[PDB]
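J.: Each chain is listed here by its residues.
There are 2 protein chains.
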Amino acid sequence: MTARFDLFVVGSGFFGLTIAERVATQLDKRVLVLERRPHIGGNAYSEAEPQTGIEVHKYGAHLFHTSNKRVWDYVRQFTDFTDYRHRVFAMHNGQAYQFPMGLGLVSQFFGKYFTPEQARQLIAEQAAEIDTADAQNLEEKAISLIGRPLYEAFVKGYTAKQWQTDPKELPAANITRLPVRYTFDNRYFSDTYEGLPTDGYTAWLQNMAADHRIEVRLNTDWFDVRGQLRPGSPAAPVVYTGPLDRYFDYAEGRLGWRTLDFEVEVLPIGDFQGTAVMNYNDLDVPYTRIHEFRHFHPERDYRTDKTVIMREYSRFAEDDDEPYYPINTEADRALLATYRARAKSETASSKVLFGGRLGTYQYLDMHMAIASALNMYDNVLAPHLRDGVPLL
Amino acid sequence: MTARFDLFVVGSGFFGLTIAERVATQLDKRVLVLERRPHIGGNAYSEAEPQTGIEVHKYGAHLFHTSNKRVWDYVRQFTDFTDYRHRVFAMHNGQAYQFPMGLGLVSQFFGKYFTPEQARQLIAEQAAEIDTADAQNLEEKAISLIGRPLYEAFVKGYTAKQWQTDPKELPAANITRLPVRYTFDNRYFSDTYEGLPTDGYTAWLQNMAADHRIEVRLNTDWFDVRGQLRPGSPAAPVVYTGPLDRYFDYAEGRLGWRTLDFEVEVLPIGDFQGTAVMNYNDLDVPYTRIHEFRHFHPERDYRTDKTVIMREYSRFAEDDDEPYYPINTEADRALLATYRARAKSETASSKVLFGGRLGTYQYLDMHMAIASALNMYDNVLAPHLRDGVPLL
Ligand SMILES: Cc1cc2nc3c(=O)[nH]c(=O)nc-3n(C[C@H](O)[C@H](O)[C@H](O)COP(=O)(O)OP(=O)(O)OC[C@H]3O[C@@H](n4cnc5c(N)ncnc54)[C@H](O)[C@@H]3O)c2cc1C
Ligand SMILES: Cc1cc2nc3c(=O)[nH]c(=O)nc-3n(C[C@H](O)[C@H](O)[C@H](O)COP(=O)(O)OP(=O)(O)OC[C@H]3O[C@@H](n4cnc5c(N)ncnc54)[C@H](O)[C@@H]3O)c2cc1C
Ligand SMILES: O=c1ccn([C@@H]2O[C@H](COP(=O)(O)OP(=O)(O)O[C@H]3O[C@H](CO)[C@H](O)[C@H](O)[C@H]3O)[C@@H](O)[C@H]2O)c(=O)[nH]1
Ligand SMILES: O=c1ccn([C@@H]2O[C@H](COP(=O)(O)OP(=O)(O)O[C@H]3O[C@H](CO)[C@H](O)[C@H](O)[C@H]3O)[C@@H](O)[C@H]2O)c(=O)[nH]1
Numbered sequence: 004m005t006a007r008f009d010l011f012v013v014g015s016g017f018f019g020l021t022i023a024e025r026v027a028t029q030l031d032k033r034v035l036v037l038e039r040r041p042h043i044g045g046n047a048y049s050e051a052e053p054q055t056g057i058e059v060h061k062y063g064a065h066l067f068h069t070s071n072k073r074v075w076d077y078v079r080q081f082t083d084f085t086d087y088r089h090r091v092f093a094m095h096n097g098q099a100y101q102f103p104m105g106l107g108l109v110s111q112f113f114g115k116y117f118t119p120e121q122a123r124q125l126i127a128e129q130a131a132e133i134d135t136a137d138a139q140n141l142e143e144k145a146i147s148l149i150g151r152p153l154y155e156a157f158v159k160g161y162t163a164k165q166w167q168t169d170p171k172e173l174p175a176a177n178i179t180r181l182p183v184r185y186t187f188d189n190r191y192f193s194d195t196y197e198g199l200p201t202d203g204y205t206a207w208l209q210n211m212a213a214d215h216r217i218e219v220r221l222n223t224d225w226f227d228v229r230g231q232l233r234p235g236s237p238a239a240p241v242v243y244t245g246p247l248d249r250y251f252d253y254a255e256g257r258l259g260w261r262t263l264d265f266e267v268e269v270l271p272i273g274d275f276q277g278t279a280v281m282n283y284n285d286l287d288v289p290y291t292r293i294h295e296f297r298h299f300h301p302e303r304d305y306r307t308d309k310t311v312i313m314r315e316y317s318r319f320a321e322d323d324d325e326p327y328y329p330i331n332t333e334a335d336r337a338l339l340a341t342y343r344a345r346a347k348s349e350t351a352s353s354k355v356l357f358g359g360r361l362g363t364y365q366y367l368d369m370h371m372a373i374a375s376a377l378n379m380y381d382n383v384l385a386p387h388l389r390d391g392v393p394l395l
Numbered sequence: 004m005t006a007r008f009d010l011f012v013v014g015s016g017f018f019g020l021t022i023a024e025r026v027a028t029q030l031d032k033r034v035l036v037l038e039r040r041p042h043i044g045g046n047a048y049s050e051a052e053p054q055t056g057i058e059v060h061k062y063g064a065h066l067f068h069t070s071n072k073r074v075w076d077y078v079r080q081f082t083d084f085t086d087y088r089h090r091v092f093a094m095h096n097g098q099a100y101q102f103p104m105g106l107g108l109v110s111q112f113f114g115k116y117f118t119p120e121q122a123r124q125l126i127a128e129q130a131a132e133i134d135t136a137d138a139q140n141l142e143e144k145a146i147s148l149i150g151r152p153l154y155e156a157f158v159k160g161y162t163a164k165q166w167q168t169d170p171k172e173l174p175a176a177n178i179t180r181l182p183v184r185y186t187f188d189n190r191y192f193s194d195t196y197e198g199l200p201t202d203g204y205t206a207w208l209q210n211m212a213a214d215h216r217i218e219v220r221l222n223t224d225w226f227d228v229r230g231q232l233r234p235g236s237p238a239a240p241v242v243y244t245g246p247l248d249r250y251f252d253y254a255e256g257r258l259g260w261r262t263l264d265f266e267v268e269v270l271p272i273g274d275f276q277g278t279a280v281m282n283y284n285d286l287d288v289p290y291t292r293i294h295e296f297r298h299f300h301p302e303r304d305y306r307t308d309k310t311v312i313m314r315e316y317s318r319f320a321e322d323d324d325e326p327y328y329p330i331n332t333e334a335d336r337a338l339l340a341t342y343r344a345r346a347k348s349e350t351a352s353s354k355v356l357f358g359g360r361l362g363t364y365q366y367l368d369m370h371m372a373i374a375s376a377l378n379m380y381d382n383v384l385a386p387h388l389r390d391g392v393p394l395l
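Read top to bottom, the protein sequences are chains B and B'. A prime marks a further copy of an entry chain.
The first sequence runs 4 to 395 under the entry's author numbering.
The second sequence runs 4 to 395 under the entry's author numbering.
The set of hints was computed from the structure by calculation and includes no laboratory data.
By construction, the Cβ of each residue, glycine as well, lies at the ideal position given by its N, Cα and C atoms.
Take these hints with a grain of salt, some might be off.
Sample of chain B' residues facing chain B (criterion: CB under 7 Å; computed from the structure) [stated by the list, open to error]:
1. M4
2. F92
3. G97
4. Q98
5. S110
6. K115
7. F187
8. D274
9. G277
10. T278
Throw the hints in and build the complete structure from the sequences for me.
T.: Set out below in structure tokens:
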């Protein structure tokens with residue numbers, strides 16, 4: 004009369020594996036993880052390019068960073084981190100600029116050196132139209148943070164290619180992902196802890212699912228097998244991390260997502276751009292940015308006659324496309340609210356939880372997803388599986 | 004019939020303390036360290052500025068870095084290190100530039116973006132006059148490494164103020180202290196390990212001399228007390244780290260040194276320059292660079308209404324001045340060779356060793372001095388004190 008598993012988890016991304024690992028290890032329960040893709044790790048999956056040996060982040064560059072010590076201590080159970088600090092340069096009108104907002108950018112773009120005080124004054128004038136507290140959308144927030152001349156030169160074009168949506172229709176939270184500084188500090192992130200997985204992302208992800216009580220089935224869509232699996236384990240909750248709208252057959256409508264296409268190219272030169280990520284802010288170029296993956300790991304020594312680069316292209320996610328970014332327009336949020344209510348119903352009726360980037364239609368970085376997973380574990384899943392508490 | 008001490012060490016700088024600590028701790032011997040100054044640590048001595056609490060490197064900014072793992076492991080016995088990575092910006096004609104040699108510098112100074120390949124080609128043309136293998140002096144080496152336009156803009160002026168000596172008369176080793184890169188990596192150093200002492204330099208230095216078998220006498224010139232001390236410990240060797248020429252009363256002549264004057268100023272603003280060190284490469288300004296010490300320790304949170312800056316001025320060392328830099332002209336090296344022979348004589352006749360920046364008239368960074376000290380300990384001092392082997 005035994006259930007085969009104690010928990011089902013849909014998706015082997017960071018959210019899924021964090022849920023799977025915590026449940027398996029801390030509660031001594033058996034977890035079936037179901038992954039539609041041929042590999043685990045979700046969008047964080049990485050792979051060594053054959054010719055160079057250089058690790059390639061297959062679904063776009065993944066840079067780990069957090070100010071959450073709990074998360075930092077947790078992820079280091081599965082991987083070491085290098086001392087890499089992420090920096091991004093921006094290409095605009097044939098010149099490469101220091102980035103993001105700071106004295107480096109300001110001095111370059113305005114042609115002379117600005118003191119921290121002088122820079123604050125200049126941006127304050129150019130941000131006069133709108134104040135940050137009053138800013139509703141991306142365009143308003145960006146102008147209020149870096150001034151209009153910088154907004155038009157480094158945000159408007161890039162945002163056009165990345166979203167193809169009116170900047171007045173995009174969330175302000177999008178642009179506030181970028182630090183706004185009045186120093187020469189061009190660190191792209193401002194979190195306490197930061198690094199790349201020493202032995203790559205896939206090793207890190209494999210360590211998380213390594214527990215014997217965790218079984219991961221690859222090439223398995225949950226909607227193909229849930230009719231059979233759940234009867235085998237009727238009491239077992241389901242943690243779903245795929246697209247929220249798709250879970251309900253797009254009943255209420257289709258949430259707006261962006262998806263990404265990549266062009267991976269091995270060049271017969273040692274160094275293409277001299278840096279890990281170069282943003283392309285001008286419209287006269289179809290890609291949003293270019294990754295050169297050798298610069299991700301300077302501590303590894305790679306051949307200097309070849310290098311791997313990756314151009315990144317953005318478009319709207321079609322019916323079968325894998326969604327990368329939630330657009331979150333006002334209409335999208337309205338649609339989200341309906342699915343959320345349905346999600347709350349699925350939790351009540353079928354013990355189905357919803358988590359992750361796709362599961363909650365949120366713009367979630369790796370660390371936020373893991374923190375979100377730990378939250379769901381601590382406050383929802385663990386009390387249920389261990390102490391019988393309902394899931395709402 | 005006992006000697007009071009087993010070893011005399013003149014100077015409490017990194018060389019002296021490394022010698023003192025190793026001898027005391029590893030050989031169980033008693034060391035008298037004699038320091039002419041009111042404080043230990045030599046030029047590495049640091050002090051918190053009262054108003055802000057910000058640590059000030061009193062004798063110029065000290066940034067620790069090494070590729071020597073042995074040294075790295077050794078110094079961490081006495082201090083923790085922060086994750087600070089040193090970066091320098093250069094001020095030229097009212098614009099702040101990325102620095103040192105790299106794509107950042109090249110793109111700024113030449114007004115458009117250069118690929119790693121394009122940058123190599125450009126510099127190769129501008130470095131045509133002289134090849135690095137053939138370069139004898141500073142000017143030739145610099146031109147062969149960064150090309151003449153960059154040399155004239157960022158090296159010639161700075162070198163004039165720092166040395167006031169013909170660049171054709173200065174060692175090539177001076178300019179090769181700076182990494183030459185064709186990436187956007189603007190790390191000022193290229194060593195494996197790097198950091199600032201978490202609790203400051205003075206704490207680090209005090210930990211090294213902390214051993215009970217080590218006695219440090221401050222405000223004590225060796226030439227004032229050696230007549231009395233050495234009879235008390237006749238067999239005890241002497242490790243001298245003060246100026247080599249001064250040790251012999253400038254008998255053969257005076258070695259060329261540079262000395263430094265500092266202007267320390269507390270400004271009523273939170274941020275003066277947005278960065279730890281700003282070089283000033285133009286001649287229309289008397290100082291070589293400006294240090295803003297709050298940017299040394301971003302992990303410490305300081306008041307944002309005040310900041311401590313320090314302008315650095317360079318001149319020739321007079322009779323009583325403390326020497327900072329060995330000039331090392333051909334004439335200086337000739338003079339050095341004579342003192343070296345005298346040094347070898349003092350070793351033979353009086354068991355007097357010569358080490359350190361001042362003791363050997365060498366342009367020694369902190370890590371090189373410590374490595375030099377460990378070398379002297381392993382190969383000269385320890386075999387002598389422990390196994391009776393002579394010092395030559
Ligand atoms: C281009 C890009 C760059 C990024 N860079 C960073 C960065 O630098 N730093 C950072 O912290 N974050 C970064 N992120 C964000 C990060 O990738 C996500 O936070 C991360 O993927 C979190 O995992 P998640 O499980 O919530 O979503 P996902 O990892 O996408 O996990 C979802 C998984 O569910 C599976 N799945 C979906 N539907 C089904 C189904 N029906 N049946 C079975 N399986 C299914 C999918 O196959 C997928 O593997 C980046 C994201 C992108 C797109
Ligand atoms: C402006 C500046 C910036 C620097 N920045 C860096 C850096 O960023 N990173 C790095 O690695 N290195 C740096 N250095 C170099 C570093 O300071 C030296 O390597 C370091 O001081 C090594 O110690 P040393 O004992 O060989 O010389 P010193 O530390 O100068 O030690 C000599 C000591 O001997 C004492 N003394 C001299 N004569 C007598 C006497 N007759 N009697 C008693 N005592 C005497 C002096 O008082 C002095 O304290 C910098 C140096 C300068 C000048
Ligand atoms: O040059 C830029 C960069 C960003 N933005 C706006 O800011 C938003 C967010 O920028 P992100 O850099 O965070 O975009 P991504 O989410 O795509 O960023 C991903 O690409 C980066 C590569 O350096 C980092 O890895 C980053 O954390 C990772 O989330 C963008 O939508 C865009 O609208 C710009 O306008 N111009
Ligand atoms: O902008 C510059 C910088 C250096 N040089 C030449 O290169 C030589 C060496 O440069 P250093 O920066 O190493 O000069 P310092 O020895 O004075 O350097 C000290 O000041 C720096 C502050 O960033 C670092 O702490 C450095 O390691 C420390 O030794 C200089 O003599 C100078 O001749 C220039 O021409 N222009």
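J.: Double-check B':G97 for me: the hint is only fine if its C-beta lies closer than 7 Å to a C-beta in chain B.
T.: Nearest chain B Cβ about 5 Å off; hint holds.
J.: With chain B as the partner, please determine if B':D274 meets the hint condition of a C-beta pair closer than 7 Å.
T.: 4 Å, holds
J.: Regarding the hint that B':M4 lies at the interface with chain B, is the smallest CB-CB distance below 7 Å?
T.: It is violated, given that the least Cβ distance between B':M4 and chain B is near 56 Å, above 7 Å.
J.: May I ask you to test the interface hint for B':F187 with respect to chain B, counting a Cβ-Cβ separation under 7 Å as satisfied?
T.: Hint holds; B':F187 Cβ to chain B Cβ min 4 Å, cut 7 Å.
J.: The hint names B':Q98 as touching chain B; please verify it with the least Cβ-Cβ distance against 7 Å.
T.: Where the cut-off is 7 Å and the nearest Cβ of chain B is about 5 Å from B':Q98, the hint holds.
J.: With chain B as the partner, please determine if B':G277 meets the hint condition of a C-beta pair closer than 7 Å.
T.: Hint holds; B':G277 Cβ to chain B Cβ min 4 Å, cut 7 Å.
J.: Tell me if B':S110 is really an interface residue toward chain B, meaning its C-beta lies closer than 7 Å to one of theirs.
T.: 5 Å, holds
J.: Double-check B':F92 for me: the hint is only fine if its C-beta lies closer than 7 Å to a C-beta in chain B.
T.: 6 Å, holds
J.: Is the shortest C-beta separation between B':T278 and chain B less than 7 Å?
T.: 4 Å, holds
J.: Grab the minimum C-beta distance from B':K115 to chain B and call the hint holds if it beats 7 Å, violated otherwise.
T.: 5 Å, holds
Hint compliance for this structure: hint 1 alone is broken.
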